[PDB]
Amino acid sequence: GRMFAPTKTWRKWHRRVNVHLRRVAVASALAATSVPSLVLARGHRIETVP
Amino acid sequence: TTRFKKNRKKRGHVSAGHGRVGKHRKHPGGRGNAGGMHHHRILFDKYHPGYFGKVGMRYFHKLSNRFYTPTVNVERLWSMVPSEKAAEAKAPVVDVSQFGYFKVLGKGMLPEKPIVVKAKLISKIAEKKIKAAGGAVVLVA
Amino acid sequence: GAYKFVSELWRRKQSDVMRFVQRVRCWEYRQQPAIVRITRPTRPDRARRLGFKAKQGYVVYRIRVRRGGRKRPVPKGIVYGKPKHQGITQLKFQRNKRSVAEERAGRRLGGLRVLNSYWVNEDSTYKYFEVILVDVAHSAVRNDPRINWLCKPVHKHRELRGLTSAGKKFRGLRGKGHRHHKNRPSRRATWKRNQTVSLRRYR
Amino acid sequence: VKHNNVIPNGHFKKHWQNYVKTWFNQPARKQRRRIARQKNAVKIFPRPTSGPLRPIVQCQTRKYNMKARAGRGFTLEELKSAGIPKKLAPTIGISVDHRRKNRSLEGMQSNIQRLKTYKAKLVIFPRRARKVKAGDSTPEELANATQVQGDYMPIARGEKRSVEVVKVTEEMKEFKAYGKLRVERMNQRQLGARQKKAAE
Amino acid sequence: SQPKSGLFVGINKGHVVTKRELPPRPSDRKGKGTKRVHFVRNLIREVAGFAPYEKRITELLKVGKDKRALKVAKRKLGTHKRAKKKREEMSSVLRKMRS
RNA sequence: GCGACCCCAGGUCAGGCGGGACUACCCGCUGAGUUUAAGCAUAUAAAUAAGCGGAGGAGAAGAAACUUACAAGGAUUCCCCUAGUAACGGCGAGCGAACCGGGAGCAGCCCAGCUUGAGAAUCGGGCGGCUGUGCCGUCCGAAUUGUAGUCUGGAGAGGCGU
RNA sequence: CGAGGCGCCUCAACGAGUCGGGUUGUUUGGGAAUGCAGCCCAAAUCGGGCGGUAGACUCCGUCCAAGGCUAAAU
RNA sequence: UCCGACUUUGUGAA
Ligand SMILES: [K+]
Ligand SMILES: [K+]
Ligand SMILES: [K+]
Ligand SMILES: [K+]
Ligand SMILES: [K+]
Ligand SMILES: [K+]
Ligand SMILES: [K+]
Ligand SMILES: [Mg+2]
Ligand SMILES: [Mg+2]
Ligand SMILES: [Mg+2]
Ligand SMILES: [Mg+2]
Ligand SMILES: [Mg+2]
Ligand SMILES: [Mg+2]
Ligand SMILES: [Mg+2]
Ligand SMILES: [Mg+2]
Ligand SMILES: [Mg+2]
Ligand SMILES: [Mg+2]
Ligand SMILES: [Mg+2]
Ligand SMILES: [Mg+2]
Ligand SMILES: [Mg+2]
Ligand SMILES: [Mg+2]
Ligand SMILES: [Mg+2]
Ligand SMILES: [Mg+2]
Ligand SMILES: [Mg+2]
Ligand SMILES: [Mg+2]
Ligand SMILES: [Mg+2]
Ligand SMILES: [Mg+2]
Ligand SMILES: [Mg+2]
Ligand SMILES: [Mg+2]
Ligand SMILES: [Mg+2]
Ligand SMILES: [Mg+2]
Ligand SMILES: [Mg+2]
Ligand SMILES: [Mg+2]
Ligand SMILES: [Mg+2]
Ligand SMILES: [Mg+2]
Ligand SMILES: [Mg+2]
Ligand SMILES: [Mg+2]
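Chains as they are written, first to last, in the working numbering: chain A, 48 to 97; chain B, 14 to 154; chain C, 23 to 225; chain D, 111 to 310; chain E, 11 to 109.
Simulated from the structure, these hints should not be mistaken for laboratory data. Cβ coordinates follow ideal geometry from the N, Cα and C atoms, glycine included. Treat the hints loosely; a few may be bogus.
[Unchecked claim] Listed below are the simulated SDA-like cross-link pairs for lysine to any residue, each with C-alpha atoms no more than 25 Å apart in a straight line:
#, chain 1, residue 1, chain 2, residue 2
1, B, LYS141, D, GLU281
2, D, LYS306, E, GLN12
3, D, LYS231, D, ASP261
4, D, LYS226, D, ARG237
5, C, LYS93, C, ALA56
6, E, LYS23, B, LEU152
7, E, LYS106, C, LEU31
8, C, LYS204, B, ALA47
9, E, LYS72, E, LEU87
10, C, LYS26, E, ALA58
11, E, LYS14, B, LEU76
12, B, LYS137, B, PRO124
13, D, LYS197, D, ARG213
14, D, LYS112, B, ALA47
15, D, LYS112, B, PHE57
16, C, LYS26, C, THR64
[Said to hold, decoys possible] Restraint-style ranges between C-beta atoms, simulated for each label pair:
#, chain 1, residue 1, chain 2, residue 2, range
17, B, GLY69, A, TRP60, 41 to 51 Å
18, D, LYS283, B, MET122, 18 to 28 Å
19, D, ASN135, A, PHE51, 25 to 35 Å
20, D, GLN148, C, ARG71, 46 to 56 Å
21, C, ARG71, E, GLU56, 36 to 46 Å
22, B, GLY147, D, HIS113, 38 to 48 Å
23, D, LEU198, C, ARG71, 54 to 64 Å
24, B, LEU76, D, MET263, 30 to 40 Å
25, B, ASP58, A, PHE51, 51 to 61 Å
26, D, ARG213, E, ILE21, 18 to 28 Å
Please put together the full structure from these sequences, using the hints given.
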């Protein structure tokens, strides 16, 4: 038969983010890379990093 | 997103939240704005007074740009004057057309300092307020 | 230059001279078939402006078409539908009589290509047009840089796609700006453009 | 309809699903347009990639009265006043617009000046080794002739903002700007009646 | 040929731009009898004669019914402006014939 | 009777052109109803489906008998905006564009008309030659009821000089 | 290895059963009528077509139909 | 299908 609600190609695939909010997210993700505790929490092995 | 929809919380419940008596049918009441004068009259009268009927005269080929008159109030005029120009001031002269404005309106308080305003149009109170501060108006086109 | 005298005379269709000459010609066309090859345009001055030249490869045909409207060809005047669509007799064909004449000529002469046509006569039941056609296989046409365009494959059967002068008339392309903007590139192209639901990927 | 909503107007009663236009080819359209711009640039190596020179015009209608932009081409009168034959202008990178006319002097002069600035920047290559033509350039000028990108002659939109400092005289005040606007409006609406009485 | 008063309202109501005279264009001479086209038209007129509705206008003008002539020309040509022009031509033909 | 032409006829005459196929896109015609209006006839469905034709690698459109009302713009096409707006509509249900502005991409040309008369200066075919998508020669024909050239409104012809 | 451009000065030809008008049908957002079509009437050259309310008059702005071709962006 | 107008539709006598 036919699927209940056949998947159409005009689904919303791409999502808009405000440019300002994207820049805030990058700046927040950039600063997290400098505190070593959050880097270890992500699983990186940095015990011998000067 | 499907994981947060309430239909997922209604799995196992027979009627899917639509009742056993007054079920979910196709179009009880009609389609769209049907019956807006017959069985939806109270809804149309209560929430949309004015909906039916005809008032006013028609305008064939009404171009929007003919009625384009952006406006600015006096209470905002001094924000267009830069700091160093206010320090130098004699009165600064502002052509509000260079900021995208046609008519000057008179809401708010002007500071007690002279200012010259160039505009195509202006109201009577805005002109009275500008003159009371020691300023002047120049009509431009 | 004698063409101006001929052109000015043909503007006076209600003079005694033109009425007599047209009446004898109208009788003779009535005794001929509806599609007849003629050795020479009847109105040479009118043919010059429409592109005809006195060269090997240009041929002229006289076409007779019936006058009046388009009766709905349904089996007894019986329509199965709503009363807005129940009319039979007072309906009108969307193409003019000039394009019908040159379209009959194109179907009859598949080896030739229609240049255009001009009006010739009418009495009450028939209208007469002379259609100019080009033999795009003749070297005289193939070597003339002013008619070379007709030899290209994109100009096949232009009378059937509404591309002659008569076709531009009924397509609404004999005017510009507002009152005619819905006809460009075509009415169906305009309608399809206004039906589109544009679903951008960033919406 | 059940609550305090807007009156719905959904234009979806036809077969709208056979006329859906998606944009999944948008990044591919950007690349195809970019590729053709690079091919066109190589096809005309020293010629500017931005096309022929354009004039300066005022946008029409009262909403855009005060903005300037690029036109279609230069008027036949502007080209004559700058000394450029109208047949030569397209061949050396200048657009021609025989439809446009010059109604005011200032619009015309700024376009004539634009052509003169262009002619001082244009370097013309001879159509042969021998420079028998008159408008050609010296070998030194041709020896260093690159390709410019973007708008080599920009157009300024709108009058630049400039707050001046002036002394408010005694005639600057008591001008009665609102009264002037109202009397001029009255003079407009009384013109027909005034002309009727004058004729009688 | 007139500059506007810069006021944004009123009789002129516009920006001032120090207008200039527009030069003549070839299309300024459209619809102008030059010569040898009047000659050809005039010669064909005497060869062809007049349409019967034109004669009906001429006989109306002979008896002084100038308003009835305009209504007949309006009936035939369909437009008041064309009727005015056609009556004037008919009157000039009588005027020329008067001499 | 010999002739000139006009119109027409017949040719397995010499050389050539056409018909059908394909469906995504494109051009032309023809043309419903289910449906919605909580009934239904105008309206809607829809200038859609079906039906009959015509092309191409794109097609169609295209260089103002255009807009506007401005300090005015300046072919076509497509996108955004205009705008669910002006308008239309048992003014109900519903329907519904364009101008300005911003982009992509830009390109304008050819004829007929008066315009050889100190010379049809034009074109096709047969045959021969060659340096061969053509060129030349010769002989026939087309064409004066007009081939070539000049000219197209932005002009242009003619007159006088770089 | 003549023609064109430009400066100056008397002719200057431009498309007809077509435009346009009436009516009838259809179509449009186009409303005293958006396009198209049939039929009837039927042009002009100090003229013709437009300026989104039918009409007349006076000014103003703007174009020049009824022949043909035309890449690119799609 | 009947009926009228225009068109086909011209010419000359009282
Ligand atoms: K519920
Ligand atoms: K709500
Ligand atoms: K797409
Ligand atoms: K030969
Ligand atoms: K001409
Ligand atoms: K209509
Ligand atoms: K006019
Ligand atoms: Mg149940
Ligand atoms: Mg219920
Ligand atoms: Mg119950
Ligand atoms: Mg539907
Ligand atoms: Mg054979
Ligand atoms: Mg086929
Ligand atoms: Mg129903
Ligand atoms: Mg129902
Ligand atoms: Mg029912
Ligand atoms: Mg179909
Ligand atoms: Mg193919
Ligand atoms: Mg094409
Ligand atoms: Mg033109
Ligand atoms: Mg436009
Ligand atoms: Mg909005
Ligand atoms: Mg619709
Ligand atoms: Mg558009
Ligand atoms: Mg724009
Ligand atoms: Mg022959
Ligand atoms: Mg000639
Ligand atoms: Mg010449
Ligand atoms: Mg000269
Ligand atoms: Mg009609
Ligand atoms: Mg009607
Ligand atoms: Mg139809
Ligand atoms: Mg008006
Ligand atoms: Mg024309
Ligand atoms: Mg044309
Ligand atoms: Mg074309
Ligand atoms: Mg592409």
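Checked against the structure, which of the hints given earlier come out wrong? Numbers 8, 21, 22, 23, 25, in rising order.
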